[PDB]
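Shown next as structure tokens: one chain only, the form solved without the named molecule.
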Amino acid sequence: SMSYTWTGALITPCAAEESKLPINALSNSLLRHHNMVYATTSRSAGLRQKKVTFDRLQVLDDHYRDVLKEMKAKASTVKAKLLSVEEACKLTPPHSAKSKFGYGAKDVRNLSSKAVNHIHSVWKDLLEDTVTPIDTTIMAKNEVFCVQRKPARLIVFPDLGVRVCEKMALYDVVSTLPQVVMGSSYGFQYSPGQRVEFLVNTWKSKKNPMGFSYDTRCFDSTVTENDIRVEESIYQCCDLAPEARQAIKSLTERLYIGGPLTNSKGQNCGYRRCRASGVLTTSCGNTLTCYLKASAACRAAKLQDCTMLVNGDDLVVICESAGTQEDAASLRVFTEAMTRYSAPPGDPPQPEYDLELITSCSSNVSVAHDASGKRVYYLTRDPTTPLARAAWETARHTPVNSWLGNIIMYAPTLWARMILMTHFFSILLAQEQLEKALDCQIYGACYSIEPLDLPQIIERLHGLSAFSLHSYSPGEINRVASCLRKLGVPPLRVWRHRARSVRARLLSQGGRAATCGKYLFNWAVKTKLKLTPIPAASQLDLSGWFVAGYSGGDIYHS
């Protein structure tokens, strides 16, 4: 079973692609080493195809089936509802790819008769046909990174009408099933703070903690037909409407298991027999499968009290240590098991004895001190990619504003506060666009957010301490310092000066802007302000923010 079979037709761009960092009058204020930043384009799609194309083999033992049986028992307690066409339509991103059948995301959100009519015919076809492969478009993603250059990732997705149908049949399932089956181990239920909390408590629950992150190589490509049918067997355990069962069975046989791949020009590029990266079940399916294989592998390797944290293909394990030597051996067996399950490693896993040294979801726990001098744990990450992307967003408006999402998710960090907040608020002020709502993604779901609500959002998600953290760790400070030199970012003295200016301007604006100045930049003044809770905060309806993962799921919220 080859993950893909190719015809030779190229994966074509659907419009002009820029690979070099665009420079405008603001670029240099952020970073000077422009040649360090690049965007991937279809030009490197061939290289990716080569990496993701391989044969998969699977040897499934009793630990695998024992864990599966447990997962199904939990899945059987779940009751999921079939979404209505209109409900499904409302979950569609305003700029989601237009259908090939005469309508776009806008027509869908408006419940246009044409869109609704087509969606209804697609649904009917799903119920009547459970064998015909469904077409998919394959595109090379345009993503920004800082040099070592990686090839573009491949996104595979069905037509907009099919996507609306996926939500109707499975939105409720993928939104609720994961937490029930995996409990505390399901990562997408946590906000950054709760993640840290879970990690710290788990780490503290062991007598001699040891943990590791396990990077599966090209996870989507390792997912086999068996894996995808086992995922369906789990979904089918739920209490479901008869029409939902049929739709899920049909989507599994016709789309999830595999299908023909068409490029932007309409040519047949080949065939997929692995996970599609752009379907509704990509995150839920990967999480269930990663959790299933890892849980079984933990038993096979005889890991003592293995606790796991899984987010899609991202996996981190914290267990009871048995000595550095015994640990190396177990992890080696754990890896051998995952490999037999068709989840071979990219970077071999290594045991860690310092929670701060474990990277999962590209992040790690670190510690700082609040205004009281108390140690506080928070989530941070290497700022390289976030800064490379902010550089790009400094000269170009993009669909997803990573700078805003990073400020939200990494609000307590030294780098998000010193740089992203200062840099972008400065630009927003200058352009008088403080109150303009911008789109960003959180766990794959798209949200429309007004920058002026940041203080409230940050307090809600991270607590007041996010505005007073200081005395960061030596390791964290060193990483930030190294990153700034690499990219050529101005030093602290420059950002503090800019922040004071930005703050002063915001305070003068009054209202929310004043609050932004007050809380977001209190770190810049020598005589710190009081800083206390905020009224409007409780108004924000943050329900749904950290419930489930939807990467590639074409999901949008207010």
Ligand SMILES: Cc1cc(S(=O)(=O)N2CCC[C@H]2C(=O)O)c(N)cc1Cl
Contents of the next structure:
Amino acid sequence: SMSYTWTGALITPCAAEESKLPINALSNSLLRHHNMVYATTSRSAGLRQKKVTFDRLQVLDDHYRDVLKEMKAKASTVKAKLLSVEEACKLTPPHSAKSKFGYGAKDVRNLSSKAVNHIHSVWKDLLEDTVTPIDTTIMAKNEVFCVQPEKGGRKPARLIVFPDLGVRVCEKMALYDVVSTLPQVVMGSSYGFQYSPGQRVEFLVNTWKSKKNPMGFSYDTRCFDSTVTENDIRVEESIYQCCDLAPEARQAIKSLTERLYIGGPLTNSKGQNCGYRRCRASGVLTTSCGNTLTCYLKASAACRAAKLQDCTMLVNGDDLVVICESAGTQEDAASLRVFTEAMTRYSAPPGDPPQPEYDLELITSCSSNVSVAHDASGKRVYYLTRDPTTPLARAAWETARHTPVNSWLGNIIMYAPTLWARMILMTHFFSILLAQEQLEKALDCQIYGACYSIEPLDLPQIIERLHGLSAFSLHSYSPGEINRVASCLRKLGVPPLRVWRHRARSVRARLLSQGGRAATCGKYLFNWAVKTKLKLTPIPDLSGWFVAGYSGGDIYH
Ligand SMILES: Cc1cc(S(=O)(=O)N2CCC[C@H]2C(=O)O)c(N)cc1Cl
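The form deposited with the named molecule bound is what I want next, because the block you gave corresponds to the form solved without the named molecule; please supply it.
Time for the whole complex; same chain goes first.
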């Protein structure tokens, strides 16, 4: 069936949308090529609609079924709990979109009687009705990128489809525990979201080593959400249903599946019917877990069809990477063809054809790749990095405009060991925080789809716990990484690293003069900017981070 059916009504914005990079007095210090940065708007919704609207056909064989039976077997060992209303409420983001029934995220977090009462009615309705399609709002996402000449210029906005706040709280009650625990049990070490960036690197490295003659490839399916069929979504539900669940949760999960996850009508911000959906909704609690399960199932079955030996996979939603025993350059390239053919049969055709790789560092998954640097003792060490183009473009935007999500902070946290994050991101933003005296001001960022509220003064401890003390001492990066960064800076008109090192000394001195937690930031985050280093000793914090992905899941911590 068709992924979507449209009425003709436009995807409308809910507020004024900016497309050009906002500019203030701080802009030029970071980036000069302003015309290269842009944000997507509803204005390009039509283009996206065309890319994501197509017919899906599925041909399921024994390998698919065999894999599924195995997945259900592990799933049946899972026991999930129903979340109370108060519990679900506290998982709601302070700035989550308000309900159309008279209450917002604040009312939900405070457990207002109005909010709580409506939630109870929605829940009761889920239990009493398993057939009425639930409404959803389709919106065009506003995201910042750098123009990509060798791609088509600018990317059209991505679409987000989500149900009302009341329904969103109900999803949490019925499936938060499920989507938080099931994946790791079913997929084991292949479930990507259970790792911090350092553990991810470690798992890729040990997996690569575990093979006599390693070979790996990333597999990117075209518009994964749109390739997800009704069958896929019902298979996802049969898996959830394998868990030891409370009778009330089974009914709720069956209801949400039939009424929301399988598909439903699309309404714009103006309240007009835009059409109907028959594929994965990007804005529901099961988006990450569902995509991950479906991707793991199709790829695992595809590996058997292609006869790839000793296949170890790493899955993060729709992002797939596979490492296995090479049977030879020629044999490997042939297998990939079969793999891709099977994936296609399963309704997961490729965007960019997959290609075998024999150098772990040349594989990009989740927009990242492993690279090498050296620690204090001079030891060779691996860490996760990525092309800094998008992170820098977003930093530029956030430099002049406050946003709901601070990507620079999320990036410093996730890529703390990187050359670009340490020299540019940290230097630039701490300078800004210093000038405004907002070092102690908590900021919202996003990690694995979940929203976290974090004080930059806490960066030192956060980084140490996540990446180890070594993150404050890496040096001698690879020529490849150095050149990618230096090249990206010229592309965007960003001052060269030598300028950043000079600025860091100042920011460092400034942080030190303020003593306390600020000084710790200066001492640890910027020890790389001094000629003669300090010792750097552990720093004298709850982390329920890195357990599951919640992209588009409306989750807060
Ligand atoms: C290193 C890394 C970082 C992120 S993240 O920084 O948590 N991510 C990318 C930017 C937005 C954010 C998210 O997924 O919420 C993700 N998803 C995957 C990997 Cl392998």
